[PDB]
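One chain is shown next in structure tokens, namely the form deposited without the named molecule.
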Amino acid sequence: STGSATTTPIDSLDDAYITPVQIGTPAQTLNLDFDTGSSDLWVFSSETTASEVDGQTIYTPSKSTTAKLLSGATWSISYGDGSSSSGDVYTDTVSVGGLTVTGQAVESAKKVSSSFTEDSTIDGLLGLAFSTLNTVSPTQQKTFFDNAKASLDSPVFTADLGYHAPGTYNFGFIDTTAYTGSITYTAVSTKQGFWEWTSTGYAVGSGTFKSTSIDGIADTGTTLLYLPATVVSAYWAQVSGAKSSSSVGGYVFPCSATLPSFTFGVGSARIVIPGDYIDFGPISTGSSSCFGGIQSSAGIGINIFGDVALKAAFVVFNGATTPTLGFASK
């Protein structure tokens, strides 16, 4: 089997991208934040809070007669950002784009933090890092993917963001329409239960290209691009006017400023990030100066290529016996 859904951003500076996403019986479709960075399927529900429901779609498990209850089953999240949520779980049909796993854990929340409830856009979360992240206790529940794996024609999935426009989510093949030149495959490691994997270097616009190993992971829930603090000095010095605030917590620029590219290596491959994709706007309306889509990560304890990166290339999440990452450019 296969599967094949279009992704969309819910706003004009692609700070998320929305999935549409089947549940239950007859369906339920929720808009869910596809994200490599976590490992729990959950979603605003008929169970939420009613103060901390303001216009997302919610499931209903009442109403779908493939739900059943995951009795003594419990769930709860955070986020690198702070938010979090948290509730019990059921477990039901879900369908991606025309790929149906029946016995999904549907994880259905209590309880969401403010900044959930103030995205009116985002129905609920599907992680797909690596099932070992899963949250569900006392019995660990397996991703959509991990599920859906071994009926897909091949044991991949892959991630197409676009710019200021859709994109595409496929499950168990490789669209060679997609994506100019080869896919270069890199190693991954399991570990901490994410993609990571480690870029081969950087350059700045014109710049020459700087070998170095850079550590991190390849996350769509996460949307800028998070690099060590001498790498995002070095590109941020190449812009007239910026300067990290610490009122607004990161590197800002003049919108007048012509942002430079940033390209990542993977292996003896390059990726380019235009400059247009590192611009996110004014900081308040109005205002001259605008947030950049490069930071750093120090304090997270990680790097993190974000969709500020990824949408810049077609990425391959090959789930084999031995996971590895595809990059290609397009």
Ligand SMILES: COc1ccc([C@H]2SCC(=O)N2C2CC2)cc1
Given for the second form:
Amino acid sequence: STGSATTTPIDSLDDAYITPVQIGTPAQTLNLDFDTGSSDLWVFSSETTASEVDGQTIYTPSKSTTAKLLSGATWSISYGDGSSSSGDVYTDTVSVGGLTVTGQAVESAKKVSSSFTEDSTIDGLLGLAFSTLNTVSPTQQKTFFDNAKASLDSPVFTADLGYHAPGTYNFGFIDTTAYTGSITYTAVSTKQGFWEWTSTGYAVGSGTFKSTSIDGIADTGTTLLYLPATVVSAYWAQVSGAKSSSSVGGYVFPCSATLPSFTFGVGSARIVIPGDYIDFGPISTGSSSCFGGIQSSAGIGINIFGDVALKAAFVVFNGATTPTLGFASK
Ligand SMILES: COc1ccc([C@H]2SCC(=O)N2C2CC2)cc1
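Same protein, the form deposited with the named molecule bound this time rather than the form deposited without the named molecule?
In what comes next, the whole complex appears, and the chain from above leads the way.
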């Protein structure tokens, strides 16, 4: 089997991407944030504290003839940005772009943090990291991908995120029309539960490539590109007036600037992030100080190839017995 679904930016900055997901019978369609940096599929629901729901579409398990309470199971997750959610668990039928999994754990939120409430466009998350990170207790549950894998034509999914435009998540096949040149594959460590890999270096603008190993995660659920302080300083030094602002929480730059591109290495191959992709707009409405899309990972504990990086590429998440990651230009 295969599946193919369009993923759409939630706003004009590409802060996140939503993908429609069918849950239950009859289908209840929710727009979920596909997150290769976590492993829980959780939704706003009829069980979510009412004051914490503000415009989201909810899953109502009592209206699904295929929903079953997973007795005794609870979940609770905290994300890198400090957001969180928790609740109980059902199994139900879940379909993405025509690919159906029966008996998928659907984690129903009883509580969500304010950042989730405040984002009306995201109805939940669909985790695509390794199932070892799944938070359901006392019986850990599998991701949608992990459940689908054996049925797929090939044990892969691909992320093709757009810049200010829709893109695609495919399951079970590689669309050879969706990228240019070849796909370069690179090793993955699953030891931390992530799609963790090592970039071979970087360049800023038209500058020379610096060969240096940068260990990080491919994370569709993180907006920005978080890299070591040395790398980030080298980037922003090429932008007149850019500075790190402790009050704002990262590098800012004059909105009048033209940003240079940023290149990262994948083996001997190179992915070029256009300068425009690095602009996250005014720090507050009407400001001429703009927020940068490349920020320091110091204090996170890991480098994160988030959407800023991934949307410059066609990315293969190869879930073969030994997982790997592939990157192509597009
Ligand atoms: C301090 O200035 C900004 C701070 C943050 C952003 C973007 S990056 C990911 C994100 O969730 N953002 C908020 C607009 C929702 C943009 C500007």
